[PDB]
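Visitor: Each chain, written out:
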Amino acid sequence: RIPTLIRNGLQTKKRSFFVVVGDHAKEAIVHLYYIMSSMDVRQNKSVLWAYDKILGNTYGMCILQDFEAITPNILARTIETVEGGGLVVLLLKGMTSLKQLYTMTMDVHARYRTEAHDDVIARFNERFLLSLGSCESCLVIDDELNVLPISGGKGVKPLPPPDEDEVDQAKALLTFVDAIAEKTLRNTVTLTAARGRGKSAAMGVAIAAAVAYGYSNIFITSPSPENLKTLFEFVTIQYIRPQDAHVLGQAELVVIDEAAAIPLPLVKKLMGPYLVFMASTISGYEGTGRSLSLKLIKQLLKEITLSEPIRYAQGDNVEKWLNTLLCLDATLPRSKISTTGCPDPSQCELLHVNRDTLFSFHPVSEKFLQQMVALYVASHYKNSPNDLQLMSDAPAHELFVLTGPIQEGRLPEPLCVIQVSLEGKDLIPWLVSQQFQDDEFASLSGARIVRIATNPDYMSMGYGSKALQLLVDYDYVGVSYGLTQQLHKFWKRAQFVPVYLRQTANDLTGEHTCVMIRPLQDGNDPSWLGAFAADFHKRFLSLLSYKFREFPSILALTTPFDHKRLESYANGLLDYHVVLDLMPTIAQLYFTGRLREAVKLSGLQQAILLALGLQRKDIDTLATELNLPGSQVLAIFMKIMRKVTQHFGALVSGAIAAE
Amino acid sequence: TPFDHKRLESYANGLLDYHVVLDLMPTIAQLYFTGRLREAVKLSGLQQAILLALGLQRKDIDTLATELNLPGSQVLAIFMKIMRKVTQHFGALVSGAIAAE
Amino acid sequence: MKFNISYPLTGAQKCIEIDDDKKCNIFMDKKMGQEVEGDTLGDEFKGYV
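Chains as they are written, first to last, in the entry's author numbering: chain i, 10 to 60, 113 to 227, 259 to 327, 368 to 432, 469 to 593, 612 to 660, 721 to 804, 834 to 934; chain j, 834 to 934; chain r, 1 to 49.
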């Protein structure tokens, strides 16, 4: 049966999607047991069960348990890991019931929706059914199917034999790479490709290929790590991360893995001192949008691309499936495939559309939303299906599009898009209460502008603001972005008010993330905005010093509350920086506190509170002095805060701790 | 403090160096907190935004020289001038006397 | 950190998955059977011990 078919698959170097749809116990569990025994690419298979750590390894056969919930990113990542002949068994609920399935049963994975209870996500199911149904490639086994026909397999059955599967890199390694010429030999190369293309392996070759003594010595850097393992394993590779990397200049050829992830400022400086190989993943989950990639490239570039996967043969139906399901395809930035495409000429028109557009397939259909998705996704530094699922099923998702000429069914492409995500009642609706003063902040509703993007050909038209206005047009609106003097004014010009400036530079952008709100209702939202804004005002000195970068908080622009915050750190989980900065409530408290503010009290981890807050001593340093095991430091800081408050006012603190 | 005023005048009116007045907040940062002026982009206490960018921001001398468009050395002069301006805004009569003696 | 939270009084066995790091940070360096203030879970646990 399928075991014969499995033999064909590994020979072809392809993988297939096996869908088990039915009762949880019936089709799903028992069949999985049977399949494990039966399907033996090798004896059986590894059959890793998924219901990030996994990538370096590969496995024969795996199971994805969507019965309750479907996390698409996980599905895509899992596929990339599977070896040749492997089967990805997708466990689904009863097929008839699946679309509606999700409600009480719900898509548990609804961590995209994040309503109190999980919901249906019909649209996603519909898209899924479309791709699945389209061709014969995926095997659908439904319960109540006494016998399932298996196209392909032993005997004559459907599956046209691919050639036995078993040059692109070689053409690339030294070869395109021999950078010597009238033009400079030293320059920057940028190889980009989808996952599993061999970018790393390609990057590894150059390491030895250049020999310490001989061709030359190399170097390597990367963002939050990324699998450094393949490149070096394929590799003198040594690794100092970019920031630490900023130290001294030894090497002839630098290689940076997925540089798009690294801050423009840091990246640019580094590229100047040497010759580099720039690698970046695109067209997949956790890849980088090609729209952004161009802007990034422009900053320079000799760019090259690799088309074929090392792990499987091209045309692998499993991979095609995920790409289509996930909407991996990039085409809109260069051009649309139609008479129109590429720049979007004409007068830009602002309009809104609902999620419902998702089901209908006619004018305003899957296509319109799909096009919007491609544009926003394309413009982001990182791409993720969570975004896609949210767009499809999540409630509280609203879109506005800026489109070029519209007339007949087919017209030119969209110039811009705005995606609003209601939030309230992640990012603007999780933190305002953890980071802000009102415990209640989480209760209201607002729409975060998760993503806004204007086609690069069209930018600086005012379409961006036009998009926002349309959003407001017919408690508040919010946005969180990496702070830039430039971006802030855009939002300020938008009518946003600066809410918060956090502590940690965006790992990717390198700028600190700020939050702003555009007050829609006066009842409490302008109140929360103003109150936070005022709080930030008090905090301003604290933040600037704390920043290290010590950037002053302009924000979009040219106490009893403290007691509550303080109690929250002392009595509860609120983090140190939230209370702390140079002097938010925490430093404020140290100034007042007679206690050990100094060697022990104040506000922070070290002298427990003071040495970190005042001194800026390291966590490790005070752990030794204080003789704490680590983690315990925070506990001590909290305890120190509690002590100071009690000294100040015993009765007040007791009540606060209580409620 | 009144002692701070004297120190501040010494930087503004005379040669006393920045760190002496400055640190994170000796008299100089103290002055920036109080000062309504350009403490931020221009005022405060230090070389950069002239005073604030160095004192608050910890921006490099080279960095503000470019933004401020100073030749170098001139930065200190500008910092001093900025300090003088802030003091005058705070109290004109007091600063005049201090400058004098 | 997954949680197997039991409720004496009634006999309520529930399981909670808490992925975000920041919340669980309060259980770190605490001893067995200590008094937990489940407000580092502003969610469904508003004022719990």
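Think of the hints as simulated: they come from the structure by calculation, not from any bench.
Careful: at least some of the hints might be erroneous.
Chain i is faced by these chain j residues, among others (derived, beta-carbon under 7 Å) [as the list claims (entries may be wrong)]:
(1) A873
(2) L889
(3) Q890
(4) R891
Negatives, chain r to chain i, calculated, CB over 12 Å [said to hold, decoys possible]:
(5) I5
(6) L9
(7) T10
(8) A12
(9) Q13
(10) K14
(11) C24
(12) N25
(13) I26
(14) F27
(15) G33
(16) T40
(17) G42
(18) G47
Think of the CB as a built atom: it goes at the ideal place given N, C-alpha and C, for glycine as much as any other residue.
Visitor: Take the hints in turn and mark each one as holding or not.
Guide: Taking the hints in turn, this is what the structure says about them:
| no. | hint | in the structure |
| --- | --- | --- |
| 1 | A873 | holds (6 Å) |
| 2 | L889 | holds (5 Å) |
| 3 | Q890 | holds (5 Å) |
| 4 | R891 | holds (4 Å) |
| 5 | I5 | holds (17 Å) |
| 6 | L9 | holds (21 Å) |
| 7 | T10 | holds (21 Å) |
| 8 | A12 | holds (18 Å) |
| 9 | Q13 | holds (18 Å) |
| 10 | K14 | holds (15 Å) |
| 11 | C24 | violated (9 Å) |
| 12 | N25 | violated (6 Å) |
| 13 | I26 | violated (4 Å) |
| 14 | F27 | violated (9 Å) |
| 15 | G33 | holds (16 Å) |
| 16 | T40 | violated (3 Å) |
| 17 | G42 | violated (6 Å) |
| 18 | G47 | violated (7 Å) |
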